[PDB]
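Listed next as structure tokens is one chain, alone, in the form solved without the partner chain.
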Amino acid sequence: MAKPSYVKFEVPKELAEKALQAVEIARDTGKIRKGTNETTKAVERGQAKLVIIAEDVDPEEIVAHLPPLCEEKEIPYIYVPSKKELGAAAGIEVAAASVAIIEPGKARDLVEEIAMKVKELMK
């Protein structure tokens, strides 16, 4: 297939599943921010530990600023295929084009793993 230009690397299915799992566990035991306004602010404030970006966002410009900003702030980001499922994982009733984990809670080791894998995918 072909990906939107804001998608900078290919994410294996098991790694996207881990991202959604991390969002759900952080929702349950830590702190997240959901929606692109809240997500971008958390990145600008240095609060985000991981940013999760859906791959089916149209128009792209809603999230296109996130990867360059995350790279500047040196905050890891990861992609999932469905904004609908990302909103569900974030505990809301509609889609979420992006989410930020602020406090991973019990997702701490999962976020570290994703971060380590993304660093290799970034090369």
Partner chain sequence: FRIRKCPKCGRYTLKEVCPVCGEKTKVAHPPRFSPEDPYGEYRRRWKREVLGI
The other form holds:
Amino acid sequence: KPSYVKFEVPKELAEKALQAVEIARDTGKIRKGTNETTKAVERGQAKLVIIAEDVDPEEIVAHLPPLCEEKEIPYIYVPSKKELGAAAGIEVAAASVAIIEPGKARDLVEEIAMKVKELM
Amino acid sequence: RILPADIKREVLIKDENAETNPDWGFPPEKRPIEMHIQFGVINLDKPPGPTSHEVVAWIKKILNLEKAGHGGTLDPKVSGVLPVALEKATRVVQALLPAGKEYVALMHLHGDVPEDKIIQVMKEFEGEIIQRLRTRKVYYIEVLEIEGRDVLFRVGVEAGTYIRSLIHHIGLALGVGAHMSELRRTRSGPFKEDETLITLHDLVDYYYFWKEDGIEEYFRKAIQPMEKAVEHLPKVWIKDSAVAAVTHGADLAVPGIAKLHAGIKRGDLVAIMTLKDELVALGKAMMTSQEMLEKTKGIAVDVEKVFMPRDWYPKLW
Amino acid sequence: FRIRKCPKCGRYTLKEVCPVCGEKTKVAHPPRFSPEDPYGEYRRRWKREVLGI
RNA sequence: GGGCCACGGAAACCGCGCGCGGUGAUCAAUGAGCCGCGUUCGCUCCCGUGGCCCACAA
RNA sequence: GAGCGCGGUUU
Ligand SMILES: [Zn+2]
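Given the form solved without the partner chain above, I would also like to look at the protein as it appears in the form solved in complex with the partner chain.
Zooming out: every chain and molecule, the one shown earlier first.
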């Protein structure tokens, strides 16, 4: 798997992540696509960055992990960018997605940040 | 899968006794990084988007270069092999321009045609063609995959052939029409898709690795010696005592040849090398390979473009 | 973009597995580059760690 | 006289295309539409200015 | 100046 993927994420962990982006869409606030996602991180608006593992070319997102660490923002890997797009409410893929305001997936996201804390 | 640049040449020996002095000149891998660049060529993998001209302009500003030129222009949407000569090597693009190219194209049919019809009709474009007016040669066409209206194929052509035009004419021959939806140049003369083919990101990142970290490795590999740009030309190798004369505008007389390729005919474009395989100059042959070999006097090559600096080799005359 | 290439064999294909070698294919074209290179600083950071610098 | 090398042989605006910034879309989020700013290398003949040589390779 | 390699108007 790609070099920009810096740890292994268990099915369950990455499954919660899609639920988070799911629920944050219709009750909270998200941004979708690597450009909006990267603006969100550099403006310090992003709570959790979700990055898809199947991005080709890597360079599209390879800058996101180092960026997030600089800014001290949690990020996680979901397996597929097709389903990451579907979860953000679009019929097209999404290489990356930021959750800006958690909404009802408020606790769900506190947890996800915990599990990734360890994975580092 | 064969272009005329691929033909193998025989080396004929004129002076078996000729040796080279290792204190003179700089073979490609004995060059300080700064000199490597001055006489370097980039095998760039152009990205889709920018024109070839813009791409080169970025390279100049980002590497802080005075001069640079590309070989065969690639269209904005096309990717692949774009050779970029730097600095004092810039004029070698003139050696690259006449040489043949190879592409991988994606053709889209405007109607349905059987896979066997397609393959058979494309087969017929091998050989000469003429496009809108002039004549151009197609060395080979290979259909890799057909997926309904999408036809993926490789093509080898003479310099000048427009792939758009060609795909259009194939569309007419099939009747339903066709357009090119994707193009990538995979070879341009001595430049090919190999480990030397470097993208812009890799290129500018390697530059910083060297300029801002003291790491020289990665950027050195990014630059090829200008000699690379001449791998496909017939060569004549000269004795050390003629090298300085020739960088000084002297024509190359027969007594200074140590070794040459066979096949050279008068008028031919030839690369003049030293016995260390540094490139001295480009020239036009005044003699055939056999004439240069049997004679003991006369001008064998008119020297026209001099690349090597005058002080690499001593003034032995 | 539809043109893909086997990293192992060098084969050009539209499929996600090399029909020759069986390897997974990657898109043939290089990523777009910007003269401004907004995130170069961070891509390089990633890249140093990849090349063991 | 000849050869080689260097510099020169125009400049400002518009459109297209592309890049960035902004916004961020009823199958282009690997970025649509709209807005603003950017943006196209050189080569070969000849002519001028200047520099280095005149070297059948010892 | 004349060619080979982005379309339209200005002295
Ligand atoms: Zn194979």
